[PDB]
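In the form deposited without its partner chain, a lone chain appears below as structure tokens.
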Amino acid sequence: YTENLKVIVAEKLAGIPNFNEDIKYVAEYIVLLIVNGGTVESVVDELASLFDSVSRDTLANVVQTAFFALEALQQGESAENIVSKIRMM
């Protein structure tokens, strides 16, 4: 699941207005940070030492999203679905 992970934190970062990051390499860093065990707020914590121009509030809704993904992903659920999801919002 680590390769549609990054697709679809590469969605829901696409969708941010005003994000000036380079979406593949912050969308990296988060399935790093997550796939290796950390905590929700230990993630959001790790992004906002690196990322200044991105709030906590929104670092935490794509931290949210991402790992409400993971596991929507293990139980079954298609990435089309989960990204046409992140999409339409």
Contents of the next structure:
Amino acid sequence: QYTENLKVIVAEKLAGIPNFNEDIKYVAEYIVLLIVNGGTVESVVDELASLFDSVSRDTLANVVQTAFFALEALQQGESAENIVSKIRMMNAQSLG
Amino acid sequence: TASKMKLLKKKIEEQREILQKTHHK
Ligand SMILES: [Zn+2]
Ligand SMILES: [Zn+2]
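Given the form deposited without its partner chain above, produce the structure of the same protein in the form deposited with its partner chain bound.
Let's see the whole complex now, leading with the same chain.
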């Protein structure tokens, strides 16, 4: 199962959204549940937009798309640690 | 913000029940 790993990956992605004052672990769990229960990028984005009005739609879509891409990489055998490392790099915008 | 967190918790619980209903089938 990939659910526990995906939750950690989504929480890392959420940590990179500036001034996103929310309980990251619960938002990550919510996103992962919506996906597991058959959600699409659009249905998940729409549910998030109603909850978090301050964040732009493109930022939310970016988080959800990352979740779907990460699920696929996990199914393709990529380790969660490697995925997290790439997200940290994107969040920091630095090779270092 | 207390209200928003209660809402998110309620929504998570709803999704957990949906997942359970799917597994039972
Ligand atoms: Zn829509
Ligand atoms: Zn595939």
